[PDB]
Amino acid sequence: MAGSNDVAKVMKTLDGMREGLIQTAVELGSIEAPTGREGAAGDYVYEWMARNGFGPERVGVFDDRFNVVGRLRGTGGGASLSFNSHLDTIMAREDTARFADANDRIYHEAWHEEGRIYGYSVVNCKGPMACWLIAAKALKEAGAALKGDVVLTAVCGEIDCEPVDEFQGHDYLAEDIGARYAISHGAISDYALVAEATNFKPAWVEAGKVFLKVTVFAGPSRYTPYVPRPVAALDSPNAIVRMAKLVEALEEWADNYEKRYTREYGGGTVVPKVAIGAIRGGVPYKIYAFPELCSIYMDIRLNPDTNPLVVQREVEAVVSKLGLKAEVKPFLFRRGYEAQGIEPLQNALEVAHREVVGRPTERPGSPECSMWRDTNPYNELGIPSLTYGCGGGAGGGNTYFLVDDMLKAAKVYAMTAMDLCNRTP
Amino acid sequence: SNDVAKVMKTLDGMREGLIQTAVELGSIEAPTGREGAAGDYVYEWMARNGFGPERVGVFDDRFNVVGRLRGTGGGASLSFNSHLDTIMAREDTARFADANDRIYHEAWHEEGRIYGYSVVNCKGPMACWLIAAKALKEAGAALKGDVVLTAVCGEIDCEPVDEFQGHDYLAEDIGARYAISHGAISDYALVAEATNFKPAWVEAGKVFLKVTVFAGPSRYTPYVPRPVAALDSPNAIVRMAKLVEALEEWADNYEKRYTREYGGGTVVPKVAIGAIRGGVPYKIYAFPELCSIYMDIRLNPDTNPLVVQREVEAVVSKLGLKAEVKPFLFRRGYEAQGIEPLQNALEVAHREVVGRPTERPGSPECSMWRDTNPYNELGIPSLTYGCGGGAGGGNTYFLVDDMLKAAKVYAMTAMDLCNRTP
Ligand SMILES: N[C@@]1(O)CC=C([N+](=O)[O-])C=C1C(=O)O
Ligand SMILES: N[C@@]1(O)CC=C([N+](=O)[O-])C=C1C(=O)O
Ligand SMILES: [Zn+2]
Ligand SMILES: [Zn+2]
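Just so you know, the protein sequences line up as chains A and B, in that order. So for the first sequence, full-length UniProt numbering puts the first residue at 1; every next one is plus one. So for the second sequence, full-length UniProt numbering puts the first residue at 4; every next one is plus one.
Take these hints with a grain of salt, some might be off.
Said to hold, decoys possible - Below 27 Å or equal to it, Euclidean Cα-Cα: the simulated DSSO-like pairs (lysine-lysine) are:
#	chain 1	residue 1	chain 2	residue 2
1	A	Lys245	A	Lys147
2	B	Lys213	B	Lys201
3	A	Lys147	B	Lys213
4	B	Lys9	A	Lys147
5	A	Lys325	B	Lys9
6	B	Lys321	A	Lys329
7	A	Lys140	B	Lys286
8	A	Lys245	A	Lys273
9	B	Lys213	B	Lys9
10	B	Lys325	A	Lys329
11	A	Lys140	B	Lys259
12	B	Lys147	A	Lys325
13	B	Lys147	A	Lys147
14	B	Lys140	A	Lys147
15	A	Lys321	B	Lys147
16	A	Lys213	A	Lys325
17	A	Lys140	B	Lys147
18	B	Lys147	A	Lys213
19	A	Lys213	B	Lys140
20	A	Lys245	A	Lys201
What the hints contain is simulated information worked out from the structure, not anything from laboratory work.
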C-alpha cells in the first residue's frame with residue numbers, strides 16, 4: 001500500500017485541480033468567520049460538499065454555529081480516515097482589547113497573488129481545509145479504490161475562547177460545540193488527520209489546559225478623599241494594588257512552571273506555558289472608590305499527565321506565600337492526549353510525505369505539540385489522531401501559503417487515504 | 004471523630020428537610036429539555052444554605068448548578084453529583100401506554116415512603132447529598148478538602164437526530180461533562196443514583212444507529228404489485244419488518260458476546276430498537292420507499308463503535324437488503340482508575356451505616372449511562388452509589404429510612420476522604 005499507480009492517476013487529477021484549490025481557499029478565506037459567527041463559512045463548506053456529492057450534514061448545537069460532516073464512502077472492509085479542519089478564525093469584527101492593530105487587510109481578507117495565497121484566515125485554517133477538500137474531490141473523481149470511508153469534518157469553535165462569568169452561551173462557546181460534538185454525533189472513524197499549518201511536520205501529542213480565575217481580596221473600599229496612605233502594596237486596601245504584586249509573583253511561577261512540566265513524548269515534546277490573558281477590577285464608570293477585589297484570568301497549558309488540581313494548588317500556594325487572600329477558581333479544564341496506536345496513520349502519512357515532499361518528515365517544535373488541536377477530542381474518543389499540513393504555523397505567525405505547498409499537502413492527503421483506507425481494520 | 008457522631012445525629016434531626024426537599028424537587032416538572040425550573044430550585048436551595056452556587060450552562064434555561072462547601076485546606080476534594088432532568092414528559096404518549104399516570108409526574112410523602120419516578124430518578128438521591136452537605140456545614144465538620152456540589156441537567160439519554168436539533172433535544176453534551184469541563188473538577192466524584200446501596204465504577208458506552216432500508220418504487224395503492232415476497236416488497240416498511248426480526252436475533256446474541264467482567268462491575272451491553280418511522284401518517288396513499296429504525300446499542304468500555312456498526316451492516320447484507328447504517332451518537336463507557344480511596348471511604352461508611360459489606364452491583368446498573376463516565380473520562384475517579392431500586396428497573400418509591408442512610412453514608416464518606424491528603 002498504497003495501491004499500484006492508482007496513485008499516478010490521482011496525482012495527475014490533483015495537478016489539474018490547482019485552480020479549484022486556489023479558488024476554494026480564497027472564497028473560504030474571504031468569509032468572515034470569527035469564533036462565534038462561523039455559520040456563513042459552514043454554509044459555504046456544506047454547499048461545496050453538496051455540489052461535489054459528499055452528502056454533507058450540518059451537525060451543530062446551534063443552527064448558525066455548526067459542524068459540517070460529509071463522506072466519501074468506501075467499498076467495504078477498510079479503515080476509515082477523517083480529515084478535519086476548523087471553520088472559525090481569530091480576529092472578530094474588532095478585537096481592540098487584545099490587539100493594538102486589530103484591522104489590517106491580512107487580518108480579515110484572503111487573496112491569490114504570485115503563486116501565494118495571503119490571509120491569516122487561510123493559514124488558520126481555511127487553507128489546510130481546502131487541501132483535503134480538494135484531495136477528496138480528486139479521490140472521488142479519479143475513481144480511487146478505497147475499502148474504507150473518508151470522513152470530511154469541518155468543525156466550528158476550535159479556537160480557545162470560553163464562556164466565563166457573565167459571558168455565557170451561544171456567543172462565547174467554542175470547543176464544546178465543535179469537533180467533540182461532531183464526533184459524538186456521528187463523525188467517527190478509525191483514524192483522523194487534523195489539517196493545520198505545521199510545515200509538513202506531524203504531531204500526535206498536544207497539551208490540555210486549565211483556565212484559572214484568580215480573585216484577590218482587600219478592602220475596605222474608601223471614597224478617594226479618605227484613602228489611607230502610605231501603605232505597603234501587599235497591604236493596600238485596593239485589590240488592584242495587591243493584584244499587581246501577585247501578578248509579578250505569578251509571572252515568576254510561570255517562568256518555572258513551563259520548565260518543571262516540560263515532558264517528552266513519542267509524539268512531541270510538551271512545553272506547557274502560562275499566560276495572564278485578562279485582568280479586571282472595579283468598573284471604569286464608577287472609580288471614586290477603589291475595589292475590594294480584582295481578578296486575573298490565567299491560561300495554563302497542561303501536559304497530558306498533569307491533573308489540573310495540581311496546578312490550582314500550586315497557584316494557591318503562590319498566593320499564600322505572599323500572604324494574600326484569594327479565590328482560585330477554575331473555569332475551564334480540557335485534557336491533552338498523546339495518540340495511542342497512531343502507527344498505521346503515522347506510517348501511511350510518512351510514506352505519502354516521502355513520495356510527495358521527497359524527504360523524511362521533521363519533528364515539530366514544542367509549541368506545535370503544546371497547544372490545543374482537535375486531535376485531542378479524536379484521541380479522547382479512541383480515534384488515533386495527529387496533526388499535519390502545509391504552511392508555517394499561524395502562531396508563527398505566517399501570512400501566506402504557497403500554492404505549490406498546498407498542492408503537495410493535498411497529494412499527501414490523498415495518498416495517505418489510498419494507503420490507510422485499504423488496510424483492514 | 005468525634006464529628007462523625009455529631010454529623011450523624013445532625014442528620015437524623017433533618018428527616019423533615021430531607022423529605023420536603025425531595026418532595027418539592029420531585030414535584031417540579033423537569034423532563035429532559037425543560038430542567039430549568041429544577042435548576043432554579045436547586046440554585047436557590049444552595050444559595051440559602053450558603054454553598055455559593057453558580058449556574059453553569061450552555062443555555063440560560065438548561066444549566067448545571069455547581070455549589071461548594073469549602074475546606075480548610077490540604078485535603079482531597081469530592082464531588083456529589085445527581086441530575087435535574089426526569090424521564091417522562093406529559094407528551095410521551097408515543098412511548099408509554101399511560102404516560103400521564105401520577106407516578107410519572109408527581110412526588111409525595113406517604114407513610115414510610117416517597118413515591119414518584121422523579122424522586123427515584125433522580126431528585127431523591129440529590130436530596131440525600133444536598134442534606135448531607137447541609138449537615139456537614141451546620142455541624143461544623145472539619146474538612147481539609149472541598150465538597151463540590153454538582154446538580155446537572157441533561158443526564159438522560161435523549162439525543163438530537165434528523166430534524167430534531169438543538170436546544171429542545173440536547174442532553175448529555177450540555178450536562179455533567181460540560182459542568183466539569185467548565186470548572187466543577189475535584190479529586191474524586193460520587194454519582195448519587197439508585198443502586199440499592201451497591202457501588203459501581205464501570206458503566207457502558209453507547210452507539211446509536213439509524214438504519215434506513217431502501218425499497219420502492221412507490222405506487223398509488225390501486226397500482227401496488229402483489230403478491231411479492233417480503234424481502235422483495237417495494238414497500239420499505241414491509242422489508243424493514245423482516246430486518247427487525249433479524250436484528251432482534253443479533254441483539255439476543257450481542258449481549259452474550261460482549262458481556263465482560265470488570266473490577267467495577269459486570270457489563271452486559273444490551274440492544275433495543277427505540278423508534279421506527281416510515282412514511283407519514285397524513286399522506287398514506289402511496290407506500291414509502293424508505294423506512295428507518297433507531298437502535299440503542301450499549302457498548303462495554305472496550306468495544307469500538309465501528310465494529311458494532313459493521314456487525315449491523317452484516318445483518319443487513321445477509322438478508323440481501325440495501326440500507327444505510329448511520330451512527331448518530333457515540334459515547335464511551337469507563338471503568339474508573341484509582342478509585343480505591345473513594346471506594347474505601349465509601350466502604351467504611353457503608354459498613355458502619357448500613358451494617359454489612361457492600362455487594363457487587365447488578366449488571367444493568369453498571370451497563371447503562373451514568374455521569375461517572377464523564378468524570379472518569381476526565382481523570383476524576385468516580386463511582387455511583389445510592390439507595391433504592393433503579394427507576395429503569397423500575398422502582399417507584401424510596402424509603403425515607405434508606406434516604407437517611409444514604410445521606411449519612413455520603414456525609415461519612417466525605418469526612419473520611421476529604422481529610423486524606425491529595
Ligand atoms: N387520483 C390521483 O389524482 C391521486 C393520487 C395519485 N398518485 O398516487 O400519484 C394519482 C392520481 C391520478 O391518477 O391522477
Ligand atoms: N441513567 C438514567 O438516569 C437515565 C435513564 C433511565 N431510564 O430510562 O429509566 C434511568 C436512569 C437511572 O435510573 O440511572
Ligand atoms: Zn487552527
Ligand atoms: Zn439517573
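So, going through the hints one by one against the coordinates:
As the CA atoms of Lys245(A) and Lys147(A) are separated by approximately 62 Å, the hinted pair breaks the 27 Å bound. For the given pair, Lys213(B) sits about 35 Å from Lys201(B) by alpha-carbon distance, which is inconsistent with the 27 Å threshold. Of the supplied pair hints, the one linking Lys147(A) and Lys213(B) holds, its CA atoms being roughly 22 Å apart against a limit of 27 Å. A threshold of 27 Å between alpha carbons decides the hint, and for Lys9(B) with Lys147(A) the separation of about 67 Å lies outside it, so the pair is violated.
Straight-line distance between C-alpha atoms of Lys325(A) and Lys9(B) comes to about 31 Å, which puts the hinted pair past the 27 Å bound. Using a Cα cut-off of 27 Å, the hinted pair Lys321(B) and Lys329(A) is violated, with the two alpha carbons roughly 56 Å apart. Between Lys140(A) and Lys286(B) the alpha-carbon distance is near 38 Å, which puts this suggested pair outside the 27 Å criterion. With a C-alpha separation of about 20 Å, the suggested pair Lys245(A) and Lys273(A) falls inside the 27 Å cut-off, and the hint holds.
Between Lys213(B) and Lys9(B) the CA atoms are separated by roughly 55 Å; this puts the pair beyond 27 Å, and the hint is violated. This hinted pair does not check out: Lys325(B) and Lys329(A) have alpha carbons roughly 54 Å apart, beyond 27 Å. Of the supplied pair hints, the one linking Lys140(A) and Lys259(B) is violated, its CA atoms being roughly 40 Å apart against a limit of 27 Å. Between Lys147(B) and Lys325(A) the alpha-carbon distance is near 17 Å, which keeps this suggested pair within the 27 Å criterion.
Note on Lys147(B) and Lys147(A): the hinted pairing is violated, with a Cα-Cα distance of about 57 Å set against a maximum of 27 Å. Between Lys140(B) and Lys147(A), the direct Cα distance comes to roughly 61 Å. Violation of the 27 Å bound is thereby established for this hinted pair. For the proposed pair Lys321(A) and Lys147(B), the alpha carbon gap of about 19 Å is at most 27 Å, so the pair holds. A threshold of 27 Å between alpha carbons decides the hint, and for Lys213(A) with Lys325(A) the separation of about 14 Å falls inside it, so the pair holds.
For the given pair, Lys140(A) sits about 61 Å from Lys147(B) by alpha-carbon distance, which is inconsistent with the 27 Å threshold. Of the supplied pair hints, the one linking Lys147(B) and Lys213(A) holds, its CA atoms being roughly 22 Å apart against a limit of 27 Å. Distance hint between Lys213(A) and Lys140(B) is fulfilled; the C-alpha atoms sit about 25 Å from each other, no more than 27 Å. Restraint check for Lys245(A) and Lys201(A): not satisfied, since their Cα atoms lie roughly 41 Å apart, outside the 27 Å limit.
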